[PDB]
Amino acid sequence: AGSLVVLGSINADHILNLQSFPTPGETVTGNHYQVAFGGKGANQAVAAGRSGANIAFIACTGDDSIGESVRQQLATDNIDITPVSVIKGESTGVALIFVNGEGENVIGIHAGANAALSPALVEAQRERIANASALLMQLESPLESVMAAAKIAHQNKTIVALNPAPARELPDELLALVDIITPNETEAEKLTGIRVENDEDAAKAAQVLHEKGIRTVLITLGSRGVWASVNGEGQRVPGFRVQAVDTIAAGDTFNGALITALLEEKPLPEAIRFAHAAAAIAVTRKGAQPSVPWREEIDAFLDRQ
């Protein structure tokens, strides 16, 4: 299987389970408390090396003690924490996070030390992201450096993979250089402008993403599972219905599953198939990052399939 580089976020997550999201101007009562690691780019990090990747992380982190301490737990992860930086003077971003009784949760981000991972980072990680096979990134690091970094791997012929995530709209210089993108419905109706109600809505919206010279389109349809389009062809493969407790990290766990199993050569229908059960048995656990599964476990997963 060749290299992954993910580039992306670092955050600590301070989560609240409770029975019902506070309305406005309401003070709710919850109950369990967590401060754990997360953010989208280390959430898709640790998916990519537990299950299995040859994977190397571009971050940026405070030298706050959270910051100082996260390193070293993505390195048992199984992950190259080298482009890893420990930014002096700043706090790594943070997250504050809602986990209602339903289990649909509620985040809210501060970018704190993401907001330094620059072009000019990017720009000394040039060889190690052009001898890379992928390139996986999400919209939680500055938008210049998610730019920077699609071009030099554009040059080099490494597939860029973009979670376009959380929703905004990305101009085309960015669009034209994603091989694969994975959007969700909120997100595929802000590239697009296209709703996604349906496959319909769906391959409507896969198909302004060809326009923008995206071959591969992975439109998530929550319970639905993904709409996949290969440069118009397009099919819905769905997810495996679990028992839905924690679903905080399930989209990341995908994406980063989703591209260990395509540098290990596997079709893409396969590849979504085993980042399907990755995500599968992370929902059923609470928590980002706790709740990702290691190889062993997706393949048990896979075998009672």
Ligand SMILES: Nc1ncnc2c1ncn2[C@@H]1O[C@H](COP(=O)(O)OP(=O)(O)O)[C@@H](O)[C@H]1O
The other form holds:
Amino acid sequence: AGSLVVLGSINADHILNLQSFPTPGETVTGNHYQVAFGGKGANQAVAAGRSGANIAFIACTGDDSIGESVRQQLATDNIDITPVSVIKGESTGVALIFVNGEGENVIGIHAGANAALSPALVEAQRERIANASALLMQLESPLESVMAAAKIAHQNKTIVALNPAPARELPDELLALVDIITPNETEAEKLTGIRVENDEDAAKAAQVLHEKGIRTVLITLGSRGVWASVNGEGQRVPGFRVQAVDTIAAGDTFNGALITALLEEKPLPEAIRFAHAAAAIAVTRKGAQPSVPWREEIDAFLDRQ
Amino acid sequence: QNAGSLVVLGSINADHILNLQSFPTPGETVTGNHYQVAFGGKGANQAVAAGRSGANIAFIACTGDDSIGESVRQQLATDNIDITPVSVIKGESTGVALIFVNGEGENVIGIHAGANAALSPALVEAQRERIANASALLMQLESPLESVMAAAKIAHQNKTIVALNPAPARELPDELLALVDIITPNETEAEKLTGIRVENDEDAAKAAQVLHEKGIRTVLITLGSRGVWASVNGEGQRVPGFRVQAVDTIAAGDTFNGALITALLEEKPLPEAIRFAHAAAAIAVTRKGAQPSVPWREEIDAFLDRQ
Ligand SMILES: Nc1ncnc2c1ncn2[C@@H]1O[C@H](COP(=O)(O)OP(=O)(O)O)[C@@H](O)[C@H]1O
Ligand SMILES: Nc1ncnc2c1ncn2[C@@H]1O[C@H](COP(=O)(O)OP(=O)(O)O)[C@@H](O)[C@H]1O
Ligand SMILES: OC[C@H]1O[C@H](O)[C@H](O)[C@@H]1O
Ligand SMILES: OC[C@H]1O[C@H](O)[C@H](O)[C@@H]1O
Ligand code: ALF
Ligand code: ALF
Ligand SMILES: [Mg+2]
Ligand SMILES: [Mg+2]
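Shown: the form deposited without the named molecule; wanted: the form deposited with the named molecule bound:
Expanding to the full complex; the earlier chain stays at the top.
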């Protein structure tokens, strides 16, 4: 299979499960607290690595203890971490997460070292990106850097996969360089101005993105699967049914597993199926990276289906 | 010389504070502009305020048998606090608080109780004599209610003044309220306890009357920047605080409580004592973090002797 390069963030997640989100000036006591590795970039790199991809990770951690700790872990996740830089005088990103009884969450992020992943660090990886089969990025890294990497990938026929999260508007200049975009419903609406409530809303949101120059649009619909569309022709690919416990990193797992499948030359529908399986398993576990399944587990899940 | 002895019974937390523009909304993700890890917990914040402002105080609390716990205990000892009553709970982690602070300076807090949940009636009973011989007992609501109740009863039977900062906000049984001598709710807490929303010196008085009838003689309802509505058995007087540029109001109330009791134990009349407390709190709101923002006595008097 071809080589994958993931460029993104690394976070130390602090997760507190509680009943309800604490309104202003208020205080709430949780029932479970967990400190686990997170960050969309790292989560997606782990999903790729564990699912069987040949992946290298471009990222930055701080020169702190947690940073050394996450780098050691990532290496055991089948990830080439040579491209992971240690930023002197900077702390490793941190995420403060609240989960209510309804499973919905609120995320506050301290970028830390992640804000140091600059266009300069990207240029230093020019050759790595040019020779890769695909480049997977999210929006927890500086936009200028994501833009720079996208241009290198474009100039070199390297597939550009962009998970537009966290939600935000993006310049047409970037969108034009994307081959595969994976917004969830809130992200699709934020990018196209179209709210996605049903499959019909999805198709209209996808059309906007196709017109922006993105050939493959995959709008994740949570438990409803995903609306897969290739230049206007699309359909919803249902996911698998499971009892959710924690959906943090569900989307990240979907992306990492998806690209692994595509790089193994599995047709899109099959690849999405592979991705849904990995994601389904992920939602039945707690924490971001701890809940990311391995290839053996994914295929097993698929075979028991 | 030394004023009466003060005993603070409450929580200990390690705060994880993220300053951001706007609190995020469901399913949302926001990037803040500043992150800080500092010592917190209403119990500890109030103990530090008392210690730093000059009180003779001992602290009944629990930390976990983790590194952060040993770290906070060592720090507390340097804040003029007798930490002999601080227990280390084996197999438990120290309390943690996750905090978001928006552009206006307000905050929201999510708490992982940890070892704080282990501060039991049994640990309180072990301090029976310490509480009985103290001039005052200061507590909050981040410790098990059963324990606060037990401590209140011991203090009551021994004429030990019971000062209760009813935070975080929640309803309390009449059985507890009856044992309180001084209660310091903020507006949301007053409303939560009396069912009366407080928005001005008319409502405050009405909320205060409800508490007086529950058996609490001294009711002090903090009004944020508007100071406090001080009331002793129906006779209420408003006491304005000081004007300063706020940066972080986390622990403003905690600082108020710790400084207040120190002033009262030095026999300063209530109005003066509240002024002393406002000064300490004012300084606290101009600094970041909970305990790091708590001022020392020298600083408090300076601030005062300059007004
Ligand atoms: N409740 C669920 N049950 C099974 N799979 C889910 C569930 N929620 C999400 N997934 C899986 O993870 C993917 C991403 O879900 P989604 O919520 O849209 O993304 P994100 O995690 O970024 O918000 C889905 O397409 C699906 O494969
Ligand atoms: N903006 C402020 N300016 C000056 N003092 C303040 C300010 N906010 C709080 N304080 C001080 O701290 C005390 C308690 O503040 P308040 O917001 O009512 O309580 P809490 O912090 O528990 O919610 C006040 O009585 C005052 O002395
Ligand atoms: O998508 C989930 C991730 O987003 C945030 O970056 C947290 O670190 C978490 O791991
Ligand atoms: O009152 C502020 C405190 O409340 C919570 O206990 C946090 O730990 C913080 O230090
Ligand atoms: F960049 Al395209 F269709 F993916 F123009
Ligand atoms: F305990 Al009281 F008035 F403070 F009865
Ligand atoms: Mg999970
Ligand atoms: Mg402050």
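Numbering follows the first chain given and starts at 1. Just so we're on the same page, rigid core means the largest C-alpha set that superposes within 1.5 Å between forms.
Summarising the superposition on the core between the two forms, the listed residues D172, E102, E197, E144 contain exactly one with a Cα shift of 2 Å or larger, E102.
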